[PDB]
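Protein chains: 2
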Amino acid sequence: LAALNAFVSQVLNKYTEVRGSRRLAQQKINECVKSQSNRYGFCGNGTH
Amino acid sequence: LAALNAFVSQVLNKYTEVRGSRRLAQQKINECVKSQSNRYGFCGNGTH
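Heads up: the sequence lines are chains A and C, in that order. Residue numbers for the first sequence follow PDB author numbering, beginning at 1067 and rising by one. Residue numbers for the second sequence follow PDB author numbering, beginning at 1067 and rising by one.
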């Protein structure tokens, strides 16, 4: 039972990073695929 | 052995925060050091 608990407590921590990674994916889709953003150092190091 | 496992599981979680902290540093270097960004509330509370 203690072995199962430590695994659950790790899977729950693992799910948290993915939702933080999805915000960046949505932001890039919104800014570089539909709008041609002009912020330096953002998609591509040159002129998008 | 169980004492070592809990320490490894903590060091691995610790390394994950630094990767999220480095993106902000790279963004600030790319935006305020080379481009003079104009977003309010970003580097400095006034006019950069």
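Do not take every clue at face value.
Unchecked claim - Away from chain A, derived, C-beta distances all over 10 Å, residues of chain C:
{"#": "1", "residue": "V1077"}
{"#": "2", "residue": "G1086"}
{"#": "3", "residue": "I1095"}
{"#": "4", "residue": "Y1106"}
{"#": "5", "residue": "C1109"}
{"#": "6", "residue": "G1112"}
What the hints assert, rightly or not - No farther apart than 20 Å at their CA atoms in a straight line, the calculated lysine to any residue pairs in the SDA-like style are these:
{"#": "7", "chain 1": "C", "residue 1": "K1080", "chain 2": "C", "residue 2": "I1095"}
{"#": "8", "chain 1": "C", "residue 1": "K1100", "chain 2": "C", "residue 2": "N1111"}
{"#": "9", "chain 1": "A", "residue 1": "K1094", "chain 2": "C", "residue 2": "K1080"}
{"#": "10", "chain 1": "C", "residue 1": "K1094", "chain 2": "A", "residue 2": "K1100"}
{"#": "11", "chain 1": "C", "residue 1": "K1100", "chain 2": "C", "residue 2": "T1082"}
{"#": "12", "chain 1": "C", "residue 1": "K1094", "chain 2": "A", "residue 2": "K1080"}
{"#": "13", "chain 1": "C", "residue 1": "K1100", "chain 2": "A", "residue 2": "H1114"}
{"#": "14", "chain 1": "A", "residue 1": "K1100", "chain 2": "A", "residue 2": "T1082"}
{"#": "15", "chain 1": "A", "residue 1": "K1080", "chain 2": "C", "residue 2": "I1095"}
Please keep in mind that the hints were generated in silico from the structure rather than gathered at the bench. A virtual CB, placed ideally from N, CA and C, is assigned to each residue, including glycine.
Hint check:
| no. | hint | verdict |
| --- | --- | --- |
| 1 | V1077 | holds (14 Å) |
| 2 | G1086 | violated (7 Å) |
| 3 | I1095 | violated (8 Å) |
| 4 | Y1106 | holds (15 Å) |
| 5 | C1109 | holds (14 Å) |
| 6 | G1112 | holds (20 Å) |
| 7 | C:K1080 with C:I1095 | violated (24 Å) |
| 8 | C:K1100 with C:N1111 | holds (18 Å) |
| 9 | A:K1094 with C:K1080 | violated (27 Å) |
| 10 | C:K1094 with A:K1100 | violated (24 Å) |
| 11 | C:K1100 with C:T1082 | violated (28 Å) |
| 12 | C:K1094 with A:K1080 | violated (28 Å) |
| 13 | C:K1100 with A:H1114 | holds (17 Å) |
| 14 | A:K1100 with A:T1082 | violated (28 Å) |
| 15 | A:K1080 with C:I1095 | violated (29 Å) |
Hint compliance for this structure: hints 2, 3, 7, 9, 10, 11, 12, 14, 15 are not met, and every other hint is.
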